[PDB]
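Residues per chain are reported as follows:
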Amino acid sequence: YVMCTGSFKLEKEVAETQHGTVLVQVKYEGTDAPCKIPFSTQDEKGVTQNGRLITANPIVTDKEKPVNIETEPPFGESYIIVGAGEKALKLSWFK
Amino acid sequence: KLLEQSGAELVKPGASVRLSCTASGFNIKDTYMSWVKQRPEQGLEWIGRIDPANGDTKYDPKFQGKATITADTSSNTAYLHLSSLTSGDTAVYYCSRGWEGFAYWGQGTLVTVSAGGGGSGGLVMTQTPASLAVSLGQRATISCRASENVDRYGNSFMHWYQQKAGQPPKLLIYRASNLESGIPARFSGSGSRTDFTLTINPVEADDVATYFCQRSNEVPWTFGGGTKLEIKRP
Numbered sequence: 331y332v333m334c335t336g337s338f339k340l341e342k343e344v345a346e347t348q349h350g351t352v353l354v355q356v357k358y359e360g361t362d363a364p365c366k367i368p369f370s371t372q373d374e375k376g377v378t379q380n381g382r383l384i385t386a387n388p389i390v391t392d393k394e395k396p397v398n399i400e401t402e403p404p405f406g407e408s409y410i411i412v413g414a415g416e417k418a419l420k421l422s423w424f425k
Numbered sequence: 004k005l006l007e008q009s010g011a012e013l014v015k016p017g018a019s020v021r022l023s024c025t026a027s028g029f030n031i032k033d034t035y036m037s038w039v040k041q042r043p044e045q046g047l048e049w050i051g052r053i054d055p056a057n058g059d060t061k062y063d064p065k066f067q068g069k070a071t072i073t074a075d076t077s078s079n080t081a082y083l084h085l086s087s088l089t090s091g092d093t094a095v096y097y098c099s100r101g102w103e104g105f106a107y108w109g110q111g112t113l114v115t116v117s118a119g120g121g122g123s124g125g126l127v128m129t130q131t132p133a134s135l136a137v138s139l140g141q142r143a144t145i146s147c148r149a150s151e152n153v154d155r156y157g158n159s160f161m162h163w164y165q166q167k168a169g170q171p172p173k174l175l176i177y178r179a180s181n182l183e184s185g186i187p188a189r190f191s192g193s194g195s196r197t198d199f200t201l202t203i204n205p206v207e208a209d210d211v212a213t214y215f216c217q218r219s220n221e222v223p224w225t226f227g228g229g230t231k232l233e234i235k236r237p
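Protein chains in written order, with this note's numbering: chain Z, 331 to 425; chain F, 4 to 237.
Read the hints as simulated data drawn from the structure, not as lab findings.
Treat the hints loosely; a few may be bogus.
[Stated by the list, open to error] Negatives, chain Z to chain F, calculated, CB over 10 Å: (1) 332; (2) 341; (3) 350; (4) 364; (5) 379; (6) 404; (7) 406.
[Stated by the list, open to error] Computed footprint of chain Z on chain F, listed as stretches where at least three residues anywhere in the stretch have a Cβ under 8 Å from a Cβ of chain Z: (8) 29 to 37; (9) 148 to 160.
No residue lacks a Cβ here, since even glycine has one placed at the ideal position from N, Cα and C.
Make the full structure from the sequences, and use the hints.
Put into structure tokens, the structure is as follows:
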């Protein structure tokens with residue numbers, strides 16, 4: 331599938347698991363589903379931190395239905411980015 | 004419309020009533036379902052929300068001892084239960100879905116409390132101006148000030164709605180500055196933490212409506228008092 335070009339919203343509060351990860355429930359606003367969810371994690375400085383995504387190949391099936399995304403944030407301040415473009419959903423996180 | 008509500012109710016004072024809200028196309032389990040009260044010609048009042056995945060309920064303190072919210076994921080339905088009905092309960096009740104603004108609304112259910120004795124009644128959002136007389140083509144500005152910080156995860160959970168006569172509200176802006184899909188570019192939002200602004204530039208004839216801001220970072224997900232936007236009548 332092609333990468334999602336649209337915007338994402340949070341369907342519910344970000345939930346902390348009992349294994350140092352977070353569950354992000356995202357809602358897709360674009361019209362190009364089925365599509366692959368653009369996902370990235372950054373440090374306080376804004377440098378991309380690799381291999382933090384737990385959910386393998388997150389995909390939007392139906393835009394009306396939200397998608398669960400599990401990610402492992404690093405210790406301290408970080409940023410969880412869902413979607414493509416400069417206007418993408420950027421979540422400030424502290425672990 | 005993906006949210007279908009039960010029919011109008013005519014109920015006796017002191018009695019109880021249950022309203023239903025059935026979803027289609029998506030699982031209510033995967034969302035936050037809210038109930039919103041609107042007394043005749045008055046503002047939107049957030050009653051509470053349920054997370055049907057775990058059954059968690061949160062209410063505005065004003066509704067404690069008046070409203071109860073339940074959900075049934077099996078039948079994809081959310082319910083509102085009102086106790087000891089009084090004239091103050093006569094209103095249109097809407098169900099809605101969403102956290103970063105309510106993009107989905109039911110058509111509303113009118114509850115009319117009949118005449119007679121019986122029943123009992125049981126964060127600050129400052130929206131200005133209460134009334135706005137506009138010149139078409141001008142820049143129209145509506146402000147909302149919260150008594151507490153509305154930011155979460157470095158984003159401002161401030162949303163804006165438009166409501167036209169005899170219609171449910173429509174989401175315009177979410178997360179303070181993000182334009183909802185299908186909304187014209189003349190609508191823009193700005194602000195952070197406690198101070199926010201909705202700008203309509205240039206204002207057009209079809210923008211005549213009542214506008215509401217709302218915060219949702221933490222409960223209660225309080226609406227502003229509203230701004231009735233009308234074309235000036237000289």
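**Asked** In ascending order, which of the hints set out earlier in this document are inconsistent with the structure?
**Response** 2
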